[PDB]
Every structure is written in C-alpha cells, then in structure tokens.
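The whole structure should be built from the sequences, with the hints applied where relevant.
Protein chains: 2
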Amino acid sequence: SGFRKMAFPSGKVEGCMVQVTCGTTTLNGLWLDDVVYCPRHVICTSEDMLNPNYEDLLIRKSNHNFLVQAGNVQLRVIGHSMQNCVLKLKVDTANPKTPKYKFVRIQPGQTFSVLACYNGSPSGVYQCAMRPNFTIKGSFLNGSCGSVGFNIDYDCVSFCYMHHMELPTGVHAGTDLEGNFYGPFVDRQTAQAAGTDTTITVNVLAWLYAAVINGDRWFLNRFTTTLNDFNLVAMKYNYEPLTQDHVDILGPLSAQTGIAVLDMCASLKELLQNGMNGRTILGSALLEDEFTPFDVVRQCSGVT
Amino acid sequence: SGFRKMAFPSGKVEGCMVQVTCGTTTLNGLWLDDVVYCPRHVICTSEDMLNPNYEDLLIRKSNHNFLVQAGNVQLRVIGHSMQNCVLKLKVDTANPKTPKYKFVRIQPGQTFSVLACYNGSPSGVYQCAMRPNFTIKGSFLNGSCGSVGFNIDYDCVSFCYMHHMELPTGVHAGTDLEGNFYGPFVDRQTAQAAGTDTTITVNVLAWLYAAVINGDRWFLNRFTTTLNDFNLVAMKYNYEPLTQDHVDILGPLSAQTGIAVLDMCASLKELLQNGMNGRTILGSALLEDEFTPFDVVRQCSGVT
Ligand SMILES: *CCC(=O)N(c1ccc(C(C)C)nc1)[C@@H](C(=O)Nc1c(C)cccc1CC)c1cccnc1
Ligand SMILES: *CCC(=O)N(c1ccc(C(C)C)nc1)[C@@H](C(=O)Nc1c(C)cccc1CC)c1cccnc1
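Chains as they are written, first to last, in the working numbering: chain A, 1 to 304; chain B, 1 to 304.
Read the hints as simulated data drawn from the structure, not as lab findings.
Just so you know, nobody snuck in bad clues.
Simulated crosslink set (SDA-like; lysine to any residue; CA at most 25 Å straight-line):
id, chain 1, residue 1, chain 2, residue 2
1, B, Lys236, A, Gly278
2, A, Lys100, B, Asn95
3, A, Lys137, B, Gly283
4, A, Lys236, A, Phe223
5, A, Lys236, B, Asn277
6, B, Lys100, A, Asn119
7, B, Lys137, A, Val303
8, A, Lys88, A, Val77
9, A, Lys137, B, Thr257
10, A, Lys100, B, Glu14
11, B, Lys137, A, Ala285
12, A, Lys97, B, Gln69
13, B, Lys236, B, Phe134
14, A, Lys137, B, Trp218
15, A, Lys137, A, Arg105
16, B, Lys100, A, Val73
17, B, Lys97, A, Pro99
18, B, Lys137, A, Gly215
19, A, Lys88, A, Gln74
20, A, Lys102, A, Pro184
21, A, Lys137, B, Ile213
22, A, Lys90, A, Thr24
23, A, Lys236, B, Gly283
24, B, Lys137, B, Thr169
25, A, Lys137, B, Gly278
26, A, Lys137, B, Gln256
27, B, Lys137, A, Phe294
28, B, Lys97, B, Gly143
29, A, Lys100, B, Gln69
30, A, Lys61, A, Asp48
31, A, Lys88, A, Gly183
Below is the structure:
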C-alpha cells in the first residue's frame, strides 16, 4: 500500500538525450533512430527572441552549424528540416539505444513523466499533467529546453511533450514531438498569459478512489448526487465538467471499491463546500488532480 | 523556475534489477558486479513469516535453489551467504551494466529516490525521505521487496535502502545494502508499531527557501526568533529540534535569498501557529519536509 506521485522509469529516455548547440545556444535534443529532435528556438540569438522569423533565421544555418553531442562523442549532421516548432536533424548514425517508440499528442488532464535535462544530461525525473489551459507546472531552469515528456507501455515509449518555454508567470509551455504547441502559445518572447487553470475533476475522483483503497476513508459520506447537480458545484469551484465518459473511465475503480461514481462525486462535493477542516487525504491537504484513473489502476496493480 | 518532487534518473539502477525466486517466493534483487543482493525473507514460506529462524531455513537451501533471472536470461548461482537481513548470491557473471556505486547508510531526514519493481522489472520511480521514526512512506505492493533507494552523484550511485516490509499501519521498513534495518524493525510478521513521525524541520526550512526563490513569498513576515524560542514551538508541533548544524547547512540558501535562517524560522513559527489560512506554498496546502537543503540547491542549480 501507499500512494506516491510516481514517474515512469527514465532509462529508455535517458539513452536518447543529446546536447544540441547552434552558435552560442545549447539545449537538449531527443535522438531516435537517425533523427535528433529539438526546439527550433536553438537557432535564435539574444536580439531574436522578441520577434523571430524562423524560416529566415534557418536560411543562414547549414548542417555543420548544428553541433550534436551524445555523451562525449559528436554526431555528424547530414540534413536538417523544420517541422512546425521543432528542428529535425538527420545524423549519420542511428541511436543504438533507440527504444520502441511513438509520438503522441495528449489531451488536457492526461499525465506524463518528464526527464529534466541540461547540456544533454539528465538531472531528474518527475510526474506532471497537461493542465486544462495547456500549460504544465514543471521544474525547468535555463537550458532545460528540449527535455521531454513521455509515458511507457511495457517497452514502448510514447513521447508526448518537448519543453520550449517558461511563460512570464512561471508556468511552462511546449510542443508534441511534431512541433505543435499545446495551447495557443508561440515560441516568441512576447506577452502570453495562460487561461484559467481549472482542476481536473476525473483525476481528483481517481485519487479519492486511490485514498479509499489505501485506507483513507474519513471523507466518505452518506450522500449521493447527479452529474448535473455535481457539475453545478464543479463550475462554482473551477473544476472541469464531469461527463459520462469520465464516469465510464472510473468504472474499474468504482467496481474495486464498491463505491458508485456518483456517491464519490457527492463526497467530492462536500469536500469542495466544507473544505478539509485541517485533515489530510493521502498525505495531502488539498485535492490532488495529477493522477489519471489509468494511473491509479496501474500504481495499485503494479504494472511494470 | 517551478519546484517539483524530483527523483534521480533511474536508468543506472534499472540495469541492476533482477528477479530472485526461492521455492514459491519471487522478489527483486540488485545485481552489482557478480553479486545479487536481496531480502533474506525470500527463503520464507507462508508458515515461516510469524517466527522465522533464518539460519535454520538457510541450511535447507543450496545455490541451485536461488533462481536469478536478469531480463529473459538466467544467472548461474555459484555461492550464497547471509549478511544481516540480506542474502548475497554470487553469480558467475558480472553485471555488464554495473554503474560506479557505493553502499551508504543514510540518516533520518535524508532523501532518496526509489525504483519500485515487481518480478525484477521496474514499474516506477519516486522521491521520498527516511522519516525520523526510521520508516518510509512509499508505494509498494506485494512483490516490491528488494526494490531499492538510491542517490546519484554525477555517475556514482549510492544505494541506501532495500525494501523489506510493510508495517500493519501501511508504512514501510527496510535495510541499508549491508542488511541492517533502519530503525528497530525486524523481518518478522509481528507487532511492530512505529514511533512519532515528527516533521523534518531543516527540510521544511529548505522548502520555504525554495518557495521564496520561485516567487511564493506571502508567508515572509516582519519577525525573527532564536534557536531556543523556535525549538519550543517546534517541540509543540512535533517538529524535529533545529540545531546549529542545520542552520549551517541552510547557509547557501540564506545567502542566495538574503533571508537569515532565524528570520525564516520566525516565518515557519507563524505558519505553525496560524496555519496557512487556505493559502498554498509551492502548490502545497501543508509544509513539505521531503526536500533536503542539498536537494533545493541541486534542483535550483540543475546539477546533472
Ligand atoms: C532552453 C532555453 C531557455 O532556457 N529559455 C528560453 C529562452 C528563449 C526562448 C525563445 C527564443 C523565446 N525560449 C526559451 C527559458 C525561457 O523560456 N525564458 C523565459 C522566461 C523564464 C519567461 C518569459 C519569457 C522567456 C523567454 C526568453 C527557460 C527558462 C526556464 C525554463 N524553461 C525555459
Ligand atoms: C516482497 C514480500 C512482500 O510483498 N511482503 C512481505 C511478506 C513477508 C515478509 C516477511 C517474511 C515477514 N516480508 C514482506 C509484504 C509485507 O510486508 N506484508 C505485510 C503487510 C502488508 C503488513 C504487515 C505484515 C506484513 C508481512 C507479511 C509487502 C506488501 C506490500 C509492500 N511491501 C511489502
């Protein structure tokens, strides 16, 4: 028992991290097969961040201007192209450590692990979620650009995020591995405010199920509610609307605990209205929303 | 910016996880050089957990009774010995993935990463701390035994914990890699209650420093205190006593922020006395104590 914010083991991704330098800028790249993926803003200078014309900046760059280093050894760049906001640098050597992989574009509320890197070297791994406003609350310093988000299904790594920037409010924005930003963000040093960071309701309910499985049951009440009644409360507290799809996804947790989804919604409703009164759930004094129903089942069953 | 509960990248440890089976029991082992380390309770049957005599149980076991599997391949066991509560199984093949490593016995309040494994396969990585009562609040299911705790200094993994058991209260107990339990726990299915889980004061202060660096400064007050005055409040709230050694360890964070350690103690004192009034610090509604001063500096500087 016990419930932790668990990240996937990072070994398979560690074997893909490289350093990419273009002129004076150094960031992280992701080496899969004979292609190194990195944020296109690696080509930007200091007086470029304000309003960069990436196509024009890219014309002044040749294959030899992209320095790619994997460990202590240099990779030879034989081609380069820009796909949306990422650069794809073709190298002459396929990464011998390339795992089975997919590129996936995740939906808000979905979770993933991040391997934070600097100079192509991994420094840490943490679990986070794509917020409903398409930002991520990460831990990224200058040089972390190019660090990636991923999920693992047995031996297949599904890459879903590449870090590009920090917004003026300290939250993070990035792309999928096709270079498309999550949300309306642009790779430009300009005024970009994030929308309402609403709570991921289905994730909170999954975590309330995790709490019941692990013995924290004080919040369980004698009430029930309806999807419409619950949603009126959820809107009031800036919680995402709960749909019948969410109820369906929570089915296995409802079945394991014998607590119907709508009864758990009524427990959640009373926690929103009354607060926690100085009590804790799974060692937290607030309602946790960065565990999906899939994560709760996976961690509670020990999927390797 | 941003501050996350970050674990070390787990790749180096993933390459050391093996499955150990003795009779009908399967748990995790740690393969370093030509030795596989695992909890000695792998030799216990069902009617043994109550009061096992490990030396007597071990006499009935030969090298061929310990099945060690690394991936899909079997390791040949050429020797076995018991060192305290761990078994050391000598194999005929040195692990080709053995990283530079040390075995260290950590002190309470120190943090480490855990690679939770089942059947010798890694399923997740999380960061935790050795509690002042020598338990760990982990996420371990049946079969997780043998999963290990570690810290990494550039390329050297310092193994500090091996999981052995869950206490009747859902908290976890284990040994260092020499087989010595942390705390007074024994590898026996018997009444073992944990002591007071006090808060790691130096860690809370480090995390308050992390908050100030990341912009969360609302809790900073106009007060100061003394070590003795602060400690009277800390005892009242089951916080560990703060020593001059702790003040010294917080020196770099005090210097970076310009906030003297005793002023941060006075802020912490007011948070203990007044509570958070529904506010949050670094996304938490309670005072976090599983980041050491070293972790705060490392995460805030990006040590790879
Ligand atoms: C890897 C590059 C980097 O660290 N950062 C960066 C710098 C420039 C650009 C574009 C050319 C605009 N993108 C990323 C920063 C970063 O995003 N800095 C930043 C902050 C902190 C706030 C507002 C705007 C900007 C852009 C200059 C970085 C720093 C910390 C974490 N992630 C990224
Ligand atoms: C790897 C073995 C295992 O999963 N567990 C176990 C079983 C037996 C023994 C000894 C022979 C006594 N040690 C460990 C359990 C475990 O500790 N079970 C347990 C619990 C949950 C509560 C009170 C006592 C015991 C011992 C039987 C395990 C389960 C979950 C997490 N860690 C370990």
